[PDB]
Amino acid sequence: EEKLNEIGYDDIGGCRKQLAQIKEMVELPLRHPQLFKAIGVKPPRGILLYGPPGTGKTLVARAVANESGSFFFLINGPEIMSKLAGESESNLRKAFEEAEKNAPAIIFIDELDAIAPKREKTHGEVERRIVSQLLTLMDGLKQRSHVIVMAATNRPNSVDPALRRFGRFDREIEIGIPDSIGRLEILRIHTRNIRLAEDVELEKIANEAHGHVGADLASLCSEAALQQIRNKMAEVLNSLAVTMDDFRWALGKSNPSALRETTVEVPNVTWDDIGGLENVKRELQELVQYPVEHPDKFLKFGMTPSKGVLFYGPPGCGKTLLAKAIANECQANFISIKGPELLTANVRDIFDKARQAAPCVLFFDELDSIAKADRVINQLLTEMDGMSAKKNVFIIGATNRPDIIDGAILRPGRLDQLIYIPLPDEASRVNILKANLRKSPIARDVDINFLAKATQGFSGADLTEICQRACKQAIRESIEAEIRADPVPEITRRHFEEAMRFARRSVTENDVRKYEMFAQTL
Amino acid sequence: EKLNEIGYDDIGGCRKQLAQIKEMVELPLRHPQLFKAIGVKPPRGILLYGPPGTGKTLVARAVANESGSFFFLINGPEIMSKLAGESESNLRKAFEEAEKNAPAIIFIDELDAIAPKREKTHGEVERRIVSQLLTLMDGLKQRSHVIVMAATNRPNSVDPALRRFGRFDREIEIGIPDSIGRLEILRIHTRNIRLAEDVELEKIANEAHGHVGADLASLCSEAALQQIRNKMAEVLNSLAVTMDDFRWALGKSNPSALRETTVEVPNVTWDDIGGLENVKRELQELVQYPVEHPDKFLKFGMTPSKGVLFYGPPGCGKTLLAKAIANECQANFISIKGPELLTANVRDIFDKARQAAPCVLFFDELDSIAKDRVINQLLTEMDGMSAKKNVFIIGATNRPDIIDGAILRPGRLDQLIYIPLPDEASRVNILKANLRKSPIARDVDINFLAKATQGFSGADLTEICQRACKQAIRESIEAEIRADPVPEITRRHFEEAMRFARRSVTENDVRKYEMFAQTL
Ligand SMILES: */C(=C/C(=O)Nc1ccc2oc(-c3ncccc3C)nc2c1)c1ccncc1
Ligand SMILES: */C(=C/C(=O)Nc1ccc2oc(-c3ncccc3C)nc2c1)c1ccncc1
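As you go down the protein sequences, you meet chains E and R in turn.
Mapping of the first sequence onto UniProt numbering: residues 192 to 424, 436 to 546, 554 to 582, 595 to 706, 722 to 758, in sequence order.
Mapping of the second sequence onto UniProt numbering: residues 193 to 424, 436 to 546, 554 to 581, 595 to 706, 722 to 758, in sequence order.
Treat the hints with care, since some could be wrong.
As the list claims (entries may be wrong) - PhoX-like, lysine-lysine: derived pairs with alpha carbons at most 25 Å apart:
#1 214/E - 612/R
#2 655/R - 499/E
#3 214/R - 581/E
#4 455/R - 499/E
#5 562/R - 214/R
#6 285/E - 333/E
#7 395/R - 499/E
#8 309/E - 581/E
#9 562/R - 502/E
#10 750/R - 483/R
#11 395/R - 233/E
#12 285/E - 502/R
#13 660/R - 499/E
#14 194/R - 333/E
#15 309/R - 228/R
#16 655/R - 309/E
#17 309/R - 312/E
#18 455/R - 208/E
#19 483/E - 540/E
#20 455/R - 228/E
As the list claims (entries may be wrong) - Every beta carbon over 12 Å from chain E, so not counted as near; a handful from chain R, in silico:
#21 264
#22 270
#23 501
#24 517
#25 545
#26 612
#27 733
Derived by calculation from the structure, the hints in this document are not laboratory data.
Each residue gets a CB set at the ideal place from its N, CA and C atoms; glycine is no exception.
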């Protein structure tokens, strides 16, 4: 009782932008109705929160209610649907009547898809009755009454379309997987009572906890604390403090439930990691950054920003790292979609998730798998064709066979600019080598400049693999020396020499000429 | 009190339809004697359909309040949320009270809930309520003055028995508003909001594409909220929404009617594209004369040919020409594309055209459909198209060879028009129209560019012009970061743009089209 009435914004983690949105949408209207009524802002009536399970979207409504001083009423879908025919209707009606009786109030309908699934899923007559009663109650909320209905679901498609119309649920907020900062916030919240040793660095755990949601991180802390019992099992109880090794063990064996869900975050890849050419850097900056950062010039000179690119070139890491870097430059969200993912209605969903994030780079890797000289490609054409050119969403394609791409996806207004990504030059190769080996020690004798001079035409994967091989050899001698017995603390020159013998190339001039002729034809 | 005060002025975006409903539902219910004497039978069922968010839910109440009739409201969800017998009791009571208080209007909001397609309604009570509605509808005597109005998203969702003669014969589509309708909606929604002196709602109306009235209300709310943001008793009094707030709201609005087809008179004129005088005269003959001079057509007893297949090099002039000819005649323009059809929608499109007596139905990328289900479905619908109705079909294909010889028969599209590369005058017009919105330097001579640019397609010219502005923006930022050093697009920008300009149609393609023309 007391605990639930004392959770606020600090006790919810992983959603800080959405939390600010909801604060502005709800708390301010319910604290100063006079101002909004005077200026003429209509407070929202229905807010549908959706996202993967375990994201903490079940606490947002209660946090807002507690921090705004508004009466909070909770409706559980399973609880309503577990009652008899008339009792469920009575409970819904009583919920809304009580909310109106004491206002301002917030009504939270957990698992809305249980009460109001798609009409096809519903088979009986009582279920349609409860859906219709919910619609009637929603439409019965006067603009004066200060009742805001908040609903939680996994996918809004699972809810009956009649509920998502205007006046019932017109605002939808997605509370998705948290980023590194969100994961760190969640870990701090969950470790508020667990005693931790002096060697815990929650930042590393947050950075390495990919595909984790709030619920998963709670399990990770529980598992890490459990092992501290195993190793150590009054004085024993007092000497218990979770250690970094326990956290690493827990993270290694944890199966996150959100590995397959697309991520939307600003990538941590900069220009220096990849290097790149000045021409391509300037071109990408012109195409993307200026519309986002300098719209005044654009409107002044009255041009519509062209918002489509088709990266084409050799097949390595070149095109995707460039897209992530340009996204990082503008602090814009990055959405990466591969051909296999699309091949396996989802096109509209991905475009909607792009439109939700205003500055966004939508990457379509392996575009050839879809656009080739049938249902999916038409969907991509129509969805992108009906994309307003005044919205800061940039669609960046990528294909290693630019001659198999149909002309429909290159028709101006869809993707009107083609950029070539050549084999990295000497400076680019130096940058790639340094970036790959940053997280490993290198003997002072090893000179990356000479290696870059020797490596001509090696693709990005090659340099990564050359580094992996030279390292893989280092582990072998480390074990071999250990078995014989830090005899080998650094990756000396000999390791790179013997790792630079059976590495020849991955794409020779034989296929470079293909792209270099395609360039001349364009 | 507030509901009873709603009138015609309080609904926006449906001026034509509201005039139609006026002539259908007010003049009769106000002067029954005249209509009875002449022999006009007032309608008994009117089904208003369209996208959500429109004022189609308020048309019935406006008509009731302005005609003095008694208004009764039936909600689909409310009726269907009751028990087995209470739903029928409510419907019967509604109709009985309407008959008692005649003249009256019965509005059934969300008819699809009460009477969805019979494939649905797996239960037995739902069929009972649908049959009760049908029985009540058939029970309205012609002498009684009860008019039943209904609202739905798509009439296909309603039971086909409800849409017969005598139940719901008339069907009015209240759809996405045009620029004037959007301006009316904005004026209605901003009657209480305080507006600054620097706000001109015409621009907002023009730029708010795919916006229904609800979206415009949301836009106004967001603009006011951003004013509150930027500014947070004197503070209360010093709040006035500003043009910047409206532009922000437009920028970050997500309208719900982007994917819905538009039916409006395009704002494209001949001067924006030029075109050959031959093509202009031919299009005039085919389209304008039947619409503007039908007496002569009847006099000479010649049935006008309805159909053209524009063929030529890819670009924009096959679509802009259709828009221009539609604009000349103030006729509606419907633009369909191959991607849309590939994904019976054809009958729906043809009905949305037949609804508008004068129209120009444009089928772009026709090669995709023609050379199996769709093409035959497209052929049959046109073959069943009366030649005396002012619906013109204007196809457009960039590869006139792959098109089957079936679409090109003399009841179907029976005329071929060639749209060549724009001549010098056409290029001058295209260049001038493209940069009408961009401040140009007085030194630039578009005539010289037109002389130099030979064979460049419409897209090419637009791209050449876009590059010239891209150079201008870069120089503006470069000067700004170094520091209006670059107020206008100078000649040098155009020179740089031309330096790497490339023709988009090879002379081989021009020769191929010339050979095809010689074939005809
Ligand atoms: C780097 C590469 C990537 O994501 N994909 C990729 C695609 C194709 C490919 O072929 C090779 C190859 N290299 C050498 C010899 C033979 C072959 C087939 N490597 C690749 C790699 C990357 C991008 C983003 N993040 C991490 C890595
Ligand atoms: C103009 C054109 C349009 O709507 N579509 C279109 C079709 C084909 C096409 O090819 C190019 C092109 N141009 C230069 C080089 C390469 C290519 C493939 N551009 C287009 C454009 C238009 C009509 C109506 N409203 C606005 C624009």
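Would the non-interface assignment of residue 517/R survive a Cβ cutoff of 12 Å against chain E?
violated (8 Å)
Can the restraint linking residue 285/E and residue 502/R be considered satisfied, given a maximum Cα separation of 25 Å?
violated (74 Å)
Given the hinted pair residue 194/R and residue 333/E, is their alpha-carbon gap at most 25 Å?
holds (13 Å)
Run the distance test for residue 455/R versus residue 499/E: straight-line Cα separation, threshold 25 Å.
Holds, at roughly 19 Å.
For the pair supplied as a hint, residue 214/E and residue 612/R, is the alpha-carbon distance within the 25 Å limit?
violated (57 Å)
Just want to verify: residue 501/R was marked as not at the interface with chain E; is every Cβ pair farther apart than 12 Å?
Holds, because the least Cβ-Cβ distance between residue 501/R and chain E comes to about 42 Å, which exceeds 12 Å.
Grab the minimum beta-carbon distance between residue 270/R and chain E and tell me whether it stays above 12 Å.
violated (5 Å)
Would the hint linking residue 655/R and residue 309/E be met if the CA-CA limit is 25 Å?
Since the Cα atoms of residue 655/R and residue 309/E sit roughly 53 Å apart, the hinted pair is violated (cutoff 25 Å).
So residue 264/R supposedly isn't at the interface. Is its beta-carbon more than 12 Å from every beta-carbon in chain E?
holds (17 Å)
Does residue 285/E pair with residue 333/E here, judged by a C-alpha cut-off of 25 Å?
holds (17 Å)
Please work out if residue 309/R and residue 312/E have their alpha carbons no farther apart than 25 Å.
Measuring from Cα to Cα gives roughly 16 Å; hence the hint holds.
Holds or violated: residue 562/R and residue 502/E, Cα atoms, limit 25 Å.
violated (39 Å)
Going through the hint list in order, the structure does not satisfy hints 1, 3, 8, 9, 12, 15, 16, 22, 24 and 25.
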